[PDB]
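First, one chain by itself: the form deposited in one PDB entry, in structure tokens.
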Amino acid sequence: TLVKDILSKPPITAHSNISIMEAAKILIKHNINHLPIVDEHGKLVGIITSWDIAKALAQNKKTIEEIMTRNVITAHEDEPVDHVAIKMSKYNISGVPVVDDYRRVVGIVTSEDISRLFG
């Protein structure tokens, strides 16, 4: 079971220059809790969840780039699913962006996406 295999839908990403409100609107619109942030060239630079929306409000930040998590735990398109599951238990995270060798975001894998593949 590789990752590039189990991807079912397009990636949803955002740029870092956007407001906290715009980011929140994106989460709600797509009903997602993980939003990979890409630069103007489509390359991964960070990640946002609803926790970071709360954190931005608490720290009085205006843009996503001031609050996004910059050390992103990722999976490779050619990576095995079990390794991703272990990554997610180890770091206690529930979503990992899937990247290629050029750092483009090809999708995202969640712990619900995985929950299916084990049960």
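C-alpha atoms forming the largest set that superposes within 1.5 Å between two forms make up the rigid core. Residues that one form lacks are left out of the comparison. Positions refer to the first chain, counted from 1. First, how it differs from the form deposited in another entry.
Superposed on the rigid core, the two forms differ between these two forms by 2 Å or more at the C-alpha of one listed residue only; from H30, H83, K43, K62 that residue is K62. At a threshold of 2 Å in C-alpha displacement, with the core superposed and only residues shared by both forms counted, the segments of at least 3 consecutive residues that shift between these two forms are, in sequence order, 7-9, 54-63.
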The other form holds:
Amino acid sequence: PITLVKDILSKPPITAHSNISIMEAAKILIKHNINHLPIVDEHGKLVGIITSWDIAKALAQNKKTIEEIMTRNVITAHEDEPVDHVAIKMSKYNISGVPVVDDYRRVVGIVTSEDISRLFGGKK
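Moving on from the form deposited in one PDB entry, please list the structure of the form deposited in another entry.
Shown below: the chain alone.
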């Protein structure tokens, strides 16, 4: 069959607003055992993404805020997207996770390289 994003995505999505501190973002990553944190506006629409790597960058380069360190051009997926299209996308942009969004940029889940790697292993 063709596996789609909606078959493997993690939900509900864990998200945050851009006004939390870097320490607060780190705490969310640890609490939920995740490496990806989509940043959303007051209407729940995607404005950026924070990963563990960005938290490491903040330490390495003396960065101060989430707004300063978040990636604003976020590569995303749709729930009907074939998982292999997403894998190719992540490889092309050298990234490790993609928020799943609806047509109005609301976050409905996330697919990471760990989810796709898991799929690879259970297919065998």
